[PDB]
Amino acid sequence: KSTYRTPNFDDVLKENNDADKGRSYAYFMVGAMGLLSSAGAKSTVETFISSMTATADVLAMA
Amino acid sequence: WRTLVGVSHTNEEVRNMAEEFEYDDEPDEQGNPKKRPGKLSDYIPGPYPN
Ligand SMILES: CCCCCCCCCCCCCC(=O)O[C@H](COC(=O)CCCCCCCCCCC)COP(=O)(O)O
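Line order of the protein sequences matches chains E and D. Count along the first sequence starting at 1, add 30, and that's the number in the deposited numbering. Count along the second sequence starting at 1, add 111, and that's the number in the deposited numbering.
With the rest of the complex left out, here is chain E:
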């Protein structure tokens, strides 16, 4: 068999590749994952930093 014959890939290929929209769906999901994890990173940092503020008993004697 010759090396110039490409094997069968028709199980996995698209409607038409349509590069306008093969890039659309992959990058909406990569953008959503970066949006949620940047919000989660903020909430984590602000939870740890606020623990260093004056406690309830110190504010009661304020």
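The set of hints was computed from the structure by calculation and includes no laboratory data. Just so you know, not all the hints are guaranteed correct.
[Stated by the list, open to error] If you want a taste of the chain D side facing chain E, the calculated C-beta under 8 Å gives, among others:
hint, residue
1, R113
2, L151
3, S152
Beta carbons are placed, not taken as given, at the ideal position from N, Cα and C, and that holds for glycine.
Since the structure of chain E is already known, use the hints to place chain D with the ligand on it.
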């Protein structure tokens, strides 16, 4: 006392419950001990001293 406000009782209610108990104050101008009523930053007292 303060942790009951907003959970089971009103602020005005808890201030009146605490004032029914006496707490050790700091000594007077000559070093003799004093007493005072309770405030919100105090802790709920127990029946026995030891
Ligand atoms: C070294 C710290 C990392 C610990 C991770 C352990 C995972 C167990 C659950 C997390 C408990 C903390 C909850 C919290 O802080 O408040 C919660 C944060 O909620 C979240 O978004 C979950 C955070 C999950 C992490 C997201 C991935 C990237 C994080 C970046 C790390 C720098 C509550 O939010 P809030 O403070 O109420 O606005």
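*Close enough to count: is the Cβ of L151 (chain D) nearer than 8 Å to one in chain E?*
For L151 (chain D), the interface hint holds, since the closest Cβ of chain E sits about 7 Å away, which is under 8 Å.
_Interface hint compliance - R113 (chain D) to chain E, C-beta minimum distance less than 8 Å_ = holds (6 Å)
*Was the hint right that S152 (chain D) lines chain E, CB cutoff 8 Å?*
It holds, given that the least Cβ distance between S152 (chain D) and chain E is near 4 Å, below 8 Å.
Going through the hint list in order, the structure satisfies each hint without exception.
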